[PDB]
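Chemist: Now for the letters of each chain:
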Amino acid sequence: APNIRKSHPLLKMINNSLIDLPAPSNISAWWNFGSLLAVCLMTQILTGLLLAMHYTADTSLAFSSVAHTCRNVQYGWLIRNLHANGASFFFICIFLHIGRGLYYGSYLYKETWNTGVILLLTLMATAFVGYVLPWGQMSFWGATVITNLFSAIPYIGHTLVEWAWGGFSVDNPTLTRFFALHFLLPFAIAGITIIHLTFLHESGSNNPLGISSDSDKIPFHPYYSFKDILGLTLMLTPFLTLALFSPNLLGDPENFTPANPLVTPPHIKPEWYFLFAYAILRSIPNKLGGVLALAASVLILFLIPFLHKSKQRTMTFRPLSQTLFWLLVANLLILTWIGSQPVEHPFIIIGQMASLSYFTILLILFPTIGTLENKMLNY
Amino acid sequence: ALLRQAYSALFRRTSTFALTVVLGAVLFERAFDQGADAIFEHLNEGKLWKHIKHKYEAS
Amino acid sequence: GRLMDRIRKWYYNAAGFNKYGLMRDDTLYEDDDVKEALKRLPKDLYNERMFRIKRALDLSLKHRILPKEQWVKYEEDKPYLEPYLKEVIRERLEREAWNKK
Amino acid sequence: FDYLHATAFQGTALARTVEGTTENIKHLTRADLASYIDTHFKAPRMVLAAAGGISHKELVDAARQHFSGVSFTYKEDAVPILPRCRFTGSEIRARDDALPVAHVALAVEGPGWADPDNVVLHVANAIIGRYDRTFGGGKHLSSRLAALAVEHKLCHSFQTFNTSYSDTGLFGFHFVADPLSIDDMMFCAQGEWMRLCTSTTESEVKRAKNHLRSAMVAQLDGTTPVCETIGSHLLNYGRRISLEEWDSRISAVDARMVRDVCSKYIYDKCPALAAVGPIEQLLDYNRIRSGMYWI
Amino acid sequence: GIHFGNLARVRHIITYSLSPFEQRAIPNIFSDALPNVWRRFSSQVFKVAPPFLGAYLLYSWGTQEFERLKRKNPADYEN
Ligand code: HEM
Ligand code: HEM
Ligand SMILES: CC(/C=C/[C@@]1(C)[C@H](C)CCC(=O)[C@@H]1C)=C\Cc1c(O)c(Cl)c(C)c(C=O)c1O
Ligand SMILES: CC(/C=C/[C@@]1(C)[C@H](C)CCC(=O)[C@@H]1C)=C\Cc1c(O)c(Cl)c(C)c(C=O)c1O
Numbered sequence: 001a002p003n004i005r006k007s008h009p010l011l012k013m014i015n016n017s018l019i020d021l022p023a024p025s026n027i028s029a030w031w032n033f034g035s036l037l038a039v040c041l042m043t044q045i046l047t048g049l050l051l052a053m054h055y056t057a058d059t060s061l062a063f064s065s066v067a068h069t070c071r072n073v074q075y076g077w078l079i080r081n082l083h084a085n086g087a088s089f090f091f092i093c094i095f096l097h098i099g100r101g102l103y104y105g106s107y108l109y110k111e112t113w114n115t116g117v118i119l120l121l122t123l124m125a126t127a128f129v130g131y132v133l134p135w136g137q138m139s140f141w142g143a144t145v146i147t148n149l150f151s152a153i154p155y156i157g158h159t160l161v162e163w164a165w166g167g168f169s170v171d172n173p174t175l176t177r178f179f180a181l182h183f184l185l186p187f188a189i190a191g192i193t194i195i196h197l198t199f200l201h202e203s204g205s206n207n208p209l210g211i212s213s214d215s216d217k218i219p220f221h222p223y224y225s226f227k228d229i230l231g232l233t234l235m236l237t238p239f240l241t242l243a244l245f246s247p248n249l250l251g252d253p254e255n256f257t258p259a260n261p262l263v264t265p266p267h268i269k270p271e272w273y274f275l276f277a278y279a280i281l282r283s284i285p286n287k288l289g290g291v292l293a294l295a296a297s298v299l300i301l302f303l304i305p306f307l308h309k310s311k312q313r314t315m316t317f318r319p320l321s322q323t324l325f326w327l328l329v330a331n332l333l334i335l336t337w338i339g340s341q342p343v344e345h346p347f348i349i350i351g352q353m354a355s356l357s358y359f360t361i362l363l364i365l366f367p368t369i370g371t372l373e374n375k376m377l378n379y
Numbered sequence: 001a002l003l004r005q006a007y008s009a010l011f012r013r014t015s016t017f018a019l020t021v022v023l024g025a026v027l028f029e030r031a032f033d034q035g036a037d038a039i040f041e042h043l044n045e046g047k048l049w050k051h052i053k054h055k056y057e058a059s
Numbered sequence: 001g002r003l004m005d006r007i008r009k010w011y012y013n014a015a016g017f018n019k020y021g022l023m024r025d026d027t028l029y030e031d032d033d034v035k036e037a038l039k040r041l042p043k044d045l046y047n048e049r050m051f052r053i054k055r056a057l058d059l060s061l062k063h064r065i066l067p068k069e070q071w072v073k074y075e076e077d078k079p080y081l082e083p084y085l086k087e088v089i090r091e092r093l094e095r096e097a098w099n100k101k
Numbered sequence: 001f002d003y004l005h006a007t008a009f010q011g012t013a014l015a016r017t018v019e020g021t022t023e024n025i026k027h028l029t030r031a032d033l034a035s036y037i038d039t040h041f042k043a044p045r046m047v048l049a050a051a052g053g054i055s056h057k058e059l060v061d062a063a064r065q066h067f068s069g070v071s072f073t074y075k076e077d078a079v080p081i082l083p084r085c086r087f088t089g090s091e092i093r094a095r096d097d098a099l100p101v102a103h104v105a106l107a108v109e110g111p112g113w114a115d116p117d118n119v120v121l122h123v124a125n126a127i128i129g130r131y132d133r134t135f136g137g138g139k140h141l142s143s144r145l146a147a148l149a150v151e152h153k154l155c156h157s158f159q160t161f162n163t164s165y166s167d168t169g170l171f172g173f174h175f176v177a178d179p180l181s182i183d184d185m186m187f188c189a190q191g192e193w194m195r196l197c198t199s200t201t202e203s204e205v206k207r208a209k210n211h212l213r214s215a216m217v218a219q220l221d222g223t224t225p226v227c228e229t230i231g232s233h234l235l236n237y238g239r240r241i242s243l244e245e246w247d248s249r250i251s252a253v254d255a256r257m258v259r260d261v262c263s264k265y266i267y268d269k270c271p272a273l274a275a276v277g278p279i280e281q282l283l284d285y286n287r288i289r290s291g292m293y294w295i
Numbered sequence: 001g002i003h004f005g006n007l008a009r010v011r012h013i014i015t016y017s018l019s020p021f022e023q024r025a026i027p028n029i030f031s032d033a034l035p036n037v038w039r040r041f042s043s044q045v046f047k048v049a050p051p052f053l054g055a056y057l058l059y060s061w062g063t064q065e066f067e068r069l070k071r072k073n074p075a076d077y078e079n
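Residue numbers (our numbering), protein chains in the order written: chain A, 1 to 379; chain B, 1 to 59; chain C, 1 to 101; chain D, 1 to 295; chain E, 1 to 79.
FYI, nobody ran anything at the bench for these hints, they're computed from the structure.
Some hints could be false.
Claimed, not checked - Across the chosen pairs, the derived CB separations fall in these ranges:
| no. | chain 1 | residue 1 | chain 2 | residue 2 | range |
| --- | --- | --- | --- | --- | --- |
| 1 | A | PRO305 | E | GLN44 | 41 to 49 Å |
| 2 | C | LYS35 | D | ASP260 | 24 to 32 Å |
| 3 | C | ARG2 | E | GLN44 | 30 to 38 Å |
| 4 | A | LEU197 | E | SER60 | 57 to 65 Å |
| 5 | E | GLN44 | A | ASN148 | 39 to 47 Å |
| 6 | D | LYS206 | E | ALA8 | 28 to 36 Å |
The C-beta atom is built at its ideal place from N, Cα and C for all residues, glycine as well.
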């Protein structure tokens with residue numbers, strides 16, 4: 001009363017978080033990844049279930065069940081595709097969603113940010129174990145290496161590896177507790193996503209110029225609802241052009257060979273979205289160091305909010321930070337290439353560089369150039 | 001004037017607007033389907049089993 | 001010396017916030033001090049700063065800028081908030097020090 | 001209301017204030033006022049009206065005597081036709097969060113004196129009527145909007161209006177409210193318009209008619225008022241429209257009629273909006289626009 | 001919950017706008033649109049492109065240099 005849009009304990013929510021929501025009138029297309037990320041989640045989850053209804057978590061049957069799911073299940077092949085490629089477009093989107101945040105100082109929204117980082121770690125874990133279910137060559141050796149990471153912890157380490165496998169070497173128990181794990185996580189994602197978006201709402205969205213947009217807000221609907229429908233049909237076009245015309249473009253082919261506990265393929269590389277870390281791991285020629293570097297390669301995201309020195313929020317008006325920012329992007333773009341190459345010269349050296357480069361541009365440069373820029377404005 | 005005839009008869013009333021989207025989606029489908037299949041089969045003459053077919057059939 | 005004094009003018013045109021009609025001080029990110037400062041701005045100075053910003057945003061939604069003529073010029077940029085803010089941060093350091101003391 | 005015209009008829013003659021600009025008043029010369037009187041204050045365009053205890057004859061005589069200007073060419077006896085004014089669905093938002101209350105006006109283009117529909121439109125405006133803080137009726141007022149207004153403290157006052165002109169018009173409503181209730185008011189308001197186009201009953205119209213009939217008689221409560229009616233009837237409707245006639249037209253109206261007509265000028269139309277004051281809570285033309293369809 | 005009415009204090013600002021049905025969806029595609037698409041491209045292509053073009057070389061180099069190390073140097077078996 002009056003309208004049943006603002007009073008109803010439920011609709012007051014659909015309305016109070018996506019229809020009457022105060023949105024800056026100038027958010028650019030770099031703000032459309034939030035929804036695309038969201039949409040993925042629902043799409044992934046849906047196609048996922050459809051598949052879970054034909055998968056069979058057991059070494060002696062995992063591979064052939066996926067194979068059957070495709071060749072026999074009506075449209076199974078399409079669903080398999082959509083699910084596998086959605087994993088990619090999900091990462092693409094999450095990466096741009098992150099950059100945007102970095103380039104426009106959205107990380108100043110600490111909780112909204114930290115939850116985000118948590119989301120990223122979760123999505124990664126998820127996409128990882130999903131990749132293991134078909135029990136192919138990568139599936140197996142992937143499972144072997146990653147669970148082996150804990151072995152880097154002193155004392156326990158190995159102990160922790162026993163659980164992870166459920167035995168004394170990857171096998172069936174690992175496969176089933178992974179399927180359980182994969183089935184579960186996506187929901188925890190959806191759950192946290194809700195918190196992410198709740199912390200957000202306390203403050204409101206940020207905008208390109210990085211100055212209060214209270215003087216000019218607009219109702220999410222129809223402005224951004226329409227803008228998001230459109231931003232959807234765009235991501236959707238290459239996602240489908242890819243999944244329909246060139247299915248395996250984005251994916252490693254080693255997973256077409258049923259796992260062999262005795263043979264590690266010579267060209268063993270992770271799913272494309274992990275390469276950059278895989279690259280850093282192989283830089284440090286020491287067990288524990290490579291592990292720590294790897295961990296920090298993502299965990300470093302938690303430090304960003306604290307390494308902000310500029311007196312301005314975004315890099316729209318900071319040409320030096322910009323260059324450094326774009327130099328950082330190309331920096332990652334390189335590590336990805338490195339990760340897709342063997343551990344031989346010139347690669348090994350180029351690698352250690354880009355890594356060293358990565359951690360410096362973030363821990364030392366950015367906060368420095370930032371301070372510098374402040375003085376150039378006379379602050 | 002179709003735009004006016006249409007607006008006045010179809011797009012104005014939010015109820016008739018729906019009937020149009022349905023009635024329309026039906027026609028659009030049946031036609032867009034033939035067309036595309038027609039385009040595709042043509043682009044692959046004599047390669048589909050629809051073509052080879054007569055060689056081992058009956059008559 | 002007159003070194004970073006011409007560098008400043010360069011950087012100023014580099015930033016480009018003047019293309020929107022914003023004074024260097026209209027771009028400051030609103031932390032706690034800045035917020036206090038702004039509350040101390042005289043009625044008119046505040047209403048002007050507001051329009052400048054509400055206009056820059058409208059520009060940004062349209063994806064345009066001001067015709068070259070209207071751009072702020074390095075020497076005509078009024079640091080309308082700088083002094084207030086200085087004081088706010090001043091009063092604060094006093095308190096901070098006085099409480100550990 | 002000026003800002004309303006100012007944008008509703010933007011780009012034309014009607015979009016001008018009656019008082020005129022500041023620059024005009026600061027510079028208008030003896031010449032212009034003269035020329036204005038000369039060009040406009042002319043016999044064919046004037047009407048000597050009067051009412052009370054007077055002899056029509058004795059009046060016409062006094063007229064022939066002092067109201068004596070002569071006409072030679074056809075030009076002098078010609079009543080110019082004005083260049084049509086274009087209605088534009090738009091808005092003008094004058095914000096000042098320092099004003100105590102906010103004012104909002106919304107309207108669609110009206111038909112213009114000539115059209116018989118103006119009757120129906122006024123019946124329509126009766127169903128919604130008006131309200132203000134001092135009405136004793138309160139929560140029991142027959143006007144659905146007045147009730148809600150009372151129930152939820154939507155405003156300080158609101159009023160429907162059917163301003164007519166020669167060839168065009170303005171049909172809408174105006175309300176005053178606190179910064180924090182503009183939204184709901186606007187919401188309920190459009191709501192009541194849509195009810196007009198879609199679900200008006202016979203009970204609502206019956207009362208609407210009786211309310212109009214009485215307003216129509218109070219129109220003629222004095223010699224000044226009766227003289228004003230006569231002055232503006234000839235000048236606008238051509239002749240004089242009797243109460244007996246008006247009443248016949250007002251009785252002819254019913255539900256179906258009101259719906260068909262309000263649907264004609266209100267449904268899915270792009271309205272003109274004018275907001276003044278601390279109007280932040282009211283927002284987006286796009287939204288207000290969507291309030292123009294589906295009850 | 002609701003933030004429309006609290007947001008901020010604003011005075012003396014008039015804004016005029018027109019219904020969407022009275023105006024053009026994508027107006028001045030040539031005289032206005034494209035000019036700015038170019039305007040923007042220009043201002044930015046030199047902060048962006050550089051580091052990318054840079055990594056590109058590092059890519060082509062390290063690539064061709066890894067290929068060169070595959071080939072044999074005659075000076076090994078000319079004995
Ligand atoms: C499951 C993953 C995620 C989903 C579905 C998601 C979704 C969203 C949505 C819908 C928005 C609002 C619209 C927008 O601004 O994009 C948002 C905003 C934001 N997200 Fe995420 N997010 C995810 C992950 C992350 C990650 C990994 C980070 C951090 C590294 C992050 C940082 C932010 C921040 C800072 C905002 C505020 C954006 C702004 O300043 O406008 N998000 N997110
Ligand atoms: C966070 C969203 C999701 C992501 C990131 C994701 C990702 C993946 C990945 C990377 C794979 C391997 C794809 C391949 O064959 O190359 C996969 C497979 C699979 N996922 Fe998911 N998944 C998601 C949600 C779900 C959920 C919730 C279910 C079911 C309710 C599900 C069920 C499966 C099954 C059965 C497979 C194995 C068979 C196959 O590969 O087709 N997934 N998933
Ligand atoms: C996930 C989503 C929208 C989703 C859909 C699903 C709507 C519920 C209905 C119509 C659609 O198709 C949208 C894609 C929006 C995310 C989202 C947010 O959470 C928030 Cl706080 C903001 C400020 C924006 C701004 O643009 C946003 O896009
Ligand atoms: C990129 C990576 C690990 C990433 C994790 C473990 C983050 C450090 C934390 C969050 C996660 O869940 C990711 C999966 C490990 C490197 C890595 C791989 O990814 C994969 Cl598939 C394989 C087959 C190997 C083989 O040697 C590997 O070394």
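Chemist: Hint by hint, which ones does the structure fall short of?
Modeler: 1, 2, 4 and 6
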